[PDB]
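*Asks:* Okay, here's what each chain looks like letter by letter:
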Amino acid sequence: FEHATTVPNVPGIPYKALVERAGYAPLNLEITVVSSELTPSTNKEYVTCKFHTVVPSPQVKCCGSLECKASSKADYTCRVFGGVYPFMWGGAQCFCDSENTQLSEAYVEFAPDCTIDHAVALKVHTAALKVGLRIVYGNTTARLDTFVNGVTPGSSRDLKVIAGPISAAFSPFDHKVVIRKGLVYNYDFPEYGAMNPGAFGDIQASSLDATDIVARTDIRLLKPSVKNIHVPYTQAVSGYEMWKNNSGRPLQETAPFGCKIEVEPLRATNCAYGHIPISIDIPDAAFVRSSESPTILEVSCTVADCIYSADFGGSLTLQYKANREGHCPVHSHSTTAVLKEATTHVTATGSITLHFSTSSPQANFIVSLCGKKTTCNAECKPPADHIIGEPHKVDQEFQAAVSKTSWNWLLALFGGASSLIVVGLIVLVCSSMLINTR
Amino acid sequence: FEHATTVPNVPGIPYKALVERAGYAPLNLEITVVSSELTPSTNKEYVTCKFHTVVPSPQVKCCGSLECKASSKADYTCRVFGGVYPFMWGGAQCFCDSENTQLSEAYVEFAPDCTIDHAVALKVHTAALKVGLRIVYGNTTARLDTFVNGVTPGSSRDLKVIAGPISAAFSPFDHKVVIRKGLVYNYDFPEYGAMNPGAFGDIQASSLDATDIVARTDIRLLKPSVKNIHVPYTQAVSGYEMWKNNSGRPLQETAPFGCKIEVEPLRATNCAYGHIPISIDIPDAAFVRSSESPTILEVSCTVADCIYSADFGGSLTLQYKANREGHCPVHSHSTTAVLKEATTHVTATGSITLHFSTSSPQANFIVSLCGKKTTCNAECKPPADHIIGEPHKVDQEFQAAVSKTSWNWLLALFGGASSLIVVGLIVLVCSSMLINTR
Amino acid sequence: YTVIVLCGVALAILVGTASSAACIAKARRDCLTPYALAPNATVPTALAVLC
Ligand SMILES: *[C@@H]1O[C@H](CO)[C@@H](O)[C@H](O)[C@H]1NC(C)=O
Ligand SMILES: *[C@@H]1O[C@H](CO)[C@@H](O)[C@H](O)[C@H]1NC(C)=O
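Residue numbers (the working numbering), protein chains in the order written: chain A, -16 to 421; chain B, -16 to 421; chain C, 19 to 69.
One thing to keep in mind: the hints can contain errors.
Stated by the list, open to error - Some chain C residues close to chain A (C-beta under 7 Å, calculated; not the full set): (1) 34; (2) 45; (3) 48; (4) 49; (5) 53.
Stated by the list, open to error - Straight-line alpha carbon distances no greater than 25 Å define the calculated BS3-like cross-link-like pairs of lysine-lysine that follow: (6) A:159 / B:106; (7) B:206 / B:243; (8) B:52 / A:27; (9) B:143 / A:52; (10) B:56 / A:27; (11) B:27 / A:27; (12) A:355 / A:304; (13) A:27 / B:227; (14) B:143 / A:56; (15) A:143 / B:113; (16) B:106 / B:227; (17) A:113 / B:113; (18) B:143 / A:143.
Said to hold, decoys possible - Simulated coverage check for chain B against chain A, where a stretch passes if three residues somewhere in it have a Cβ under 8 Å from a Cβ of chain A: (19) 134 to 147; (20) 171 to 180.
It is worth saying that the hints were derived from the structure and are not from the lab. Heads up, the beta-carbon is just placed ideally off N, CA and C, and yes, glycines get one too.
Take these sequences, add in the hints, and give me the full structure.
*Replies:* See the structure below:
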């Protein structure tokens, strides 16, 4: 038998349901979402990190002429200078009054420590979500883990269950993301091939160890103005360091709904938004004929005390009369109130206490004991403690907070003044008829 | 100096433009799109290929009892059978009247030749476009290759050139694509985890050589029914073969705009659609002061003959009077027509021809010779041939097909009945006054 | 939310009271619209209803 449900997508909130078929006793069905897993599809754009300016020994063509030559290294900057006059600890390195010339070149490469300090930029799209479900039926437990998409099944422990697409999609990740040292940041990194000095992505490379690098960081040489030999370079501060200083808070402290974001798959887990439509197929063998199921008679409610508490704190008692020893299910088909246990033993005339939770003060509902029904109502009071972190609002409020007394007051206040004006018009026409009679 | 243009994204159609600066003679600027390049972002969903059923030897128990056991092999199926009595060329392999029992199991693995026949299912998104530009200015040629995004200037001679964004995005690829043996097909493959017998992707694996495989193909065993030993298996026809039979035409014969689709990068090339806005920065040194530019006097057009052909077939001649020898640029600012050469030698009183093309029968426009302008008009006739495969419509039609004679007929077409009604009203008021005087 | 219901209740009761007052005043005027001086009171019950 196939039976469908809509279950809140929130961990640690069991959902109870039944399955009605003629000739078979009802079977309890418990659904639990053990943990969520939202994994998106991503492509690596590039990787950046703190850089290191290489300053190779300046070439000196002395008492001669020399010309600049370009190269392929990233950020390569070249410049010649005439009239230079190198000096060194040994003394004048050549002999000519300013006829010499020296060529100076500089370029950049990622520092060795980058091998562990790299920050890689990612583009993400088409978030996908995977759910682990644990189902319980007929005091038997089954596992499954399926993608919420409905075309994919999950077959496990005699059962194959198909999920349905989320009602409302959540995706904390933005189009652009940055990941570094296990921390994820939401940041619009520059597109590959776009370098701007003094900002993130000043050095870019397809891979960490890619011999080809593209980057410009505004390196300008300066004419030597000292006795000895020295190439003075000047450049803007590293962009990666500047981004590190004011990167802002990470995405852990900003993702809505408390999504625990792990890095190596770059995926969120254990966070709730939306509902899962889920259809369960159950083998007919697991079901039990009503003939062997216990038969109950004269079932009655009694609400000893109920508290309108966030935690499950309402209490109830049921008294039955039966003839066959056995086990029977129990449920509260009213969505406002949720019971605690599903199946209970049944005796000839025994009574059993039940625990439950509710989200409304006017706790009224129909409870199914075994195969039979029973209506019952009571009033609950608010609790002393008003802050607690355990599963709350097992059912969302449905404007049922209005108590019968408030409804009575609102209804009583209103009066039939429309009927009064109608009577006024009626007596007006009656007076016209009276004038006719006069 | 920075100068902007809008160019048609189409190979082999040069675009001529000028740059106007006071005191500098106009500089020609030719832009050519050598080859388009559209590469989308992709991820590997899974791979599939013709499979092979493994039929391992059945486990026979002589004069005993046995039970099935599940395994992790993909599509693993098991079944036991009592009453077996296997025989061989030697004779009976067991001796007890039906006590023995035979267990038969089956699973499927990709065929060896799969290593070359594999078909990969891919998901694609966020199409990105790369342009190769060749730019000629002042008889100096330069090259560049830039992403279409207008935020990633390309590098060529340490020059920044920005292109795009495209006016209208275009991508022949759909959300889901498949690729096999160098051919791309547009198909809606089942998502990972969903297997349907007799359809594409019945065997799915994360990688070609992945030990973990998930797949079902409706394998059902049959009870032994022959004297000897055998494990009869029945299975649905391979899905991949059926998809191959009726896969339909590839994307090479359906992509709009004639895009050449290469497989390894999985990207399209050399195909035209939309417009590209491009900003070009030219060094000031390239410009030449008008002081040294030749000076022209008394310029005059003459259209010997014009043919309204798709190719460049229109002819023109210019007569000039100048004083200084040199080269002067020539252009046609009217988009309806485009010239052939950008510069020409200028003599004291020489006259020179020019080859141009137009997209209207009425070829009238302003041609700039060096710094001076010259209006001139002519009428062109349609060509004898009407089918050719050479660059055509360098300028799109601008409802200019209307000829001057057609405009004259339109002018003679309209009639002024409004004047007649106005005269009627005037005589009405005058005759009303007269009737009053009657 | 709670403020809205009270305001709506006040508006409804005020509208009803005004309509009832207007209707009863008009009914009294129609009953009193005839001068009724030539004969005596048509019926003392009508007078009692009027006042
Ligand atoms: C589950 O409940 C049925 C109902 O009586 C019972 O027969 C069965 O033994 C129970 N299973 C277990 C494992 O307790
Ligand atoms: C380019 O044109 C200018 C202008 O006439 C000329 O002086 C120069 O020599 C030309 N360069 C080449 C390489 O032809």
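*Asks:* Hints first: check each against the structure and report whether it holds.
*Replies:* Quick rundown of the hints versus the structure:
1. 34: 3 Å, holds
2. 45: 4 Å, holds
3. 48: 4 Å, holds
4. 49: 6 Å, holds
5. 53: Since the shortest Cβ distance to chain A is 12 Å, the answer is violated.
6. A:159 / B:106: Holds: residue 159 (chain A) and residue 106 (chain B) sit about 19 Å apart, inside 25 Å.
7. B:206 / B:243: 55 Å, violated
8. B:52 / A:27: Violated: residue 52 (chain B) and residue 27 (chain A) sit about 44 Å apart, past 25 Å.
9. B:143 / A:52: 20 Å, holds
10. B:56 / A:27: Given that 25 Å is the threshold and the Cα spacing comes to 34 Å, the pair is violated.
11. B:27 / A:27: With a Cα-Cα distance of about 14 Å, the restraint between residue 27 (chain B) and residue 27 (chain A) holds, given a limit of 25 Å.
12. A:355 / A:304: 12 Å, holds
13. A:27 / B:227: Answer violated: residue 27 (chain A) to residue 227 (chain B) is near 33 Å, above 25 Å.
14. B:143 / A:56: 18 Å, holds
15. A:143 / B:113: 47 Å, violated
16. B:106 / B:227: 20 Å, holds
17. A:113 / B:113: Violated. Residue 113 (chain A) to residue 113 (chain B) sits at ~36 Å, over the 25 Å cutoff.
18. B:143 / A:143: Violated: residue 143 (chain B) and residue 143 (chain A) sit about 59 Å apart, past 25 Å.
19. 134 to 147: holds (count 5)
20. 171 to 180: With 5 residues in contact (Cβ-Cβ under 8 Å with chain A), the coverage given for the segment 171 to 180 of chain B holds.
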